[PDB]
Amino acid sequence: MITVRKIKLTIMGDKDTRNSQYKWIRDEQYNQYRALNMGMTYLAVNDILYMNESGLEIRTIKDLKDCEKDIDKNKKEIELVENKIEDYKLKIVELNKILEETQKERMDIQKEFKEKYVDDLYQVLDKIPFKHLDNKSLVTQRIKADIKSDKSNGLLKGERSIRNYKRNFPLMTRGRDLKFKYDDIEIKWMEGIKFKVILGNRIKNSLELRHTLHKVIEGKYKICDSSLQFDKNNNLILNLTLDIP
Amino acid sequence: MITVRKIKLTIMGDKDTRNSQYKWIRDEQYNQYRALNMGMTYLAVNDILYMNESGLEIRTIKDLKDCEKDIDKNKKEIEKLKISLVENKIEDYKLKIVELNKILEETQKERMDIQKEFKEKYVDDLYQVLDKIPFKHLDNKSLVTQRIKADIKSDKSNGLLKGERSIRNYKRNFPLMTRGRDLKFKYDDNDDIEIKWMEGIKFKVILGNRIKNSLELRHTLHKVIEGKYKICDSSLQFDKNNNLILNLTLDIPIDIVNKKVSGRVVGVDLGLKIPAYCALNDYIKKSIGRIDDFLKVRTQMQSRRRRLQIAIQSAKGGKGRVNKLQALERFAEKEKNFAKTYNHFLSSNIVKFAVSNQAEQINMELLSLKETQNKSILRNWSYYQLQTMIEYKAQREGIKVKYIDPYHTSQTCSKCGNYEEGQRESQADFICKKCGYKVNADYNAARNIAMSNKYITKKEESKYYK
RNA sequence: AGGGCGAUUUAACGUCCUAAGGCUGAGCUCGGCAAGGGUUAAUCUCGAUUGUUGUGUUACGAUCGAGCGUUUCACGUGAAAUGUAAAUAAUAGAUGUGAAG
DNA sequence: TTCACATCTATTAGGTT
DNA sequence: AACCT
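Chains B and A are the protein sequences, given in the same order. What the first sequence shows, in PDB author numbering, is residues 1 to 79, 108 to 211, 215 to 276, in sequence order. What the second sequence shows, in PDB author numbering, is residues 1 to 81, 105 to 305, 308 to 491, in sequence order.
These aren't lab readings, by the way, just hints derived from the structure by calculation. There could be a bad hint or two in this list.
To be verified - In silico DSSO-like pairs for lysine-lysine, Cα to Cα no more than 27 Å straight-line:
no.	chain 1	residue 1	chain 2	residue 2
1	A	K185	B	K176
2	B	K185	A	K159
3	A	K283	A	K425
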């Protein structure tokens, strides 16, 4: 079973280098937040436009049902007369044209869905000023998996609203992006960044942390996708997720 | 102004007529449950799309204009003329416009007019779109759409877009809603109170069996019948015991006049022997609480709560959902209502004391601090509830509420004002080291709080703060 | 010992039902089964004048008396109201912390 | 994974066929 | 009792 281990990290270098690294990380997390919002909104529009109804189609189907019930009750009550005959002829031709309008509007909705699907939803080439390339790949995998579960929990029928995404969301990182080794233990990462684990003693914890890091540096266990985030105190918490098969 | 009165109700008809009306009520709650969520989804998607669509392009235009002005001003500074910082800002603004130009190119592709198609097809006709769920009474759409339209605007004003807070996720417990002029009160032959409610069966008001002890409800219902007390939008909700309760909401016009002495104020404190003692400012006092009731009922309440906690944790699952949910809901309601009742008791006594001797203003020790929660009997209490009720009943009678800092309140004389350590040498009495003043500790604290005039509003604006 | 039930919320009193701090159903999954009594009352003793439903049903009280215990005011005494006591703004979400597999 | 409490916002429809 | 706003 997969598990999560919470670690506190620090980065070394010149003070200006530290400022640049932290500004870069903050801006990248801001970009990831924006990307999640974009993707979720577009895919939600995609799923609304196809399965659910539309505005005027209901406004017309209600009139169709009204005319159908009117004709039914008139037929029931009927069993001088030319007025009623002309009345239900008018009603039946109105029903025919109403059916035509409903069919054409449904065709409009369906063709709009077909046209939008590949033009603006097959892959989102809409650009957020990402400072890395792979972060788009992680974003799409995260939205697509979320809506599948959320919709199956009743999001389509109206039992739960769409999942908003907040700033405090951790900065997603690929498993291969970060590498760790001892020189204390340093966290080699992309963009030429080598974090350093505090490993310092703590009253509640940070004693088994040494044991688990020594276990994982041995190569016994593989690293899965992890997350990186700030805290109420700036500490660059690494929400490392270690998985055991 | 507005106020709410709770009433229990019953249906008129045979044994089987109750089943139909109960099913009607349950289904009309379920439909509203679905409609609120759908409306929230649609409006959230629309308003995200607006800023995520062309609004991005106009934002980029504004950004580019401001940046070009910035480098233009930077160029002007360079001319006037250090030069190093100038070139630095230049390269910065350069890369800025660069990426910005990529953004502008990607936002000008014009592949679809998504905003307009969505705005016309769904959001401008959300009323009719909601009809996909079979509202048995079709007029409730207006209530749902009004509530949703107001709620999204308020939530957006709170900071929804920036990513601070999530989207609302209404739960199945949401009560049914009724219109204002949809409830008509009319006397019955048996002198009951009958309410006519559309699409089904009317409602009788259970109003006691003996009229000795329920004269207050009768007066309010009468004032409603003659229309003195305007009726506003109400709600219907079932208790855990399937008793229909109608949150009758009244908009009472407040026009009573109570003359008040100019400048006379009161003060409150939370001692270890009085739950809330108080006094005046300008030989007047009124103890409110009693230890021998509060500390003896809450003790057994929490004790039996912990007993059932031990029982459920000891049992393998506690027989699961049935017993778990029963115990959880029972204790939750019991403790929350007990706290609500006691907060009513304290606040009502305070305001009644204030109004009896024609007070004009109220001061009391600021709540919610790290202090004033300790050194008090109400060690774990819903302080915000009392905070709300005191302002409510004060404004209902034209009284203002202000808060003051709690520093040096326990160990400062209220006659001379000297500050020394140990001046409260006796727990049950106070003796001044300078003027020889002999008054009780609670009265000295109340006088101290009444005298003070250093009103504070936020936690950070305190003499001591961490 | 817990819970209904006494116009709603608390605590005590009054009366009923239980291991519903259970059992039984259908296709790993989802549901059903409890509660004043009967004309002297369902929350002080008794007195007078009065009723209402008609029977084990959605259709048991009013008014004067006393005694009995409460609260408040002046100098333990006297006055008022009380009828178990104290209350009667209530929903909905968001954000923050705890407990239990 | 799934339940509780404390602080803090805004609300409670009108007119017309 | 519904629609529109």
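Evaluation of the provided hints:
Annotation: proposed proximity of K185(A) to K176(B) holds, straight-line Cα distance about 25 Å (limit 27 Å). Of the pairs offered as hints, the one joining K185(B) and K159(A) holds, with about 18 Å between alpha carbons and a cut-off of 27 Å not exceeded. The hinted pair formed by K283(A) and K425(A) meets the criterion: a straight-line CA distance of about 12 Å does not exceed 27 Å.
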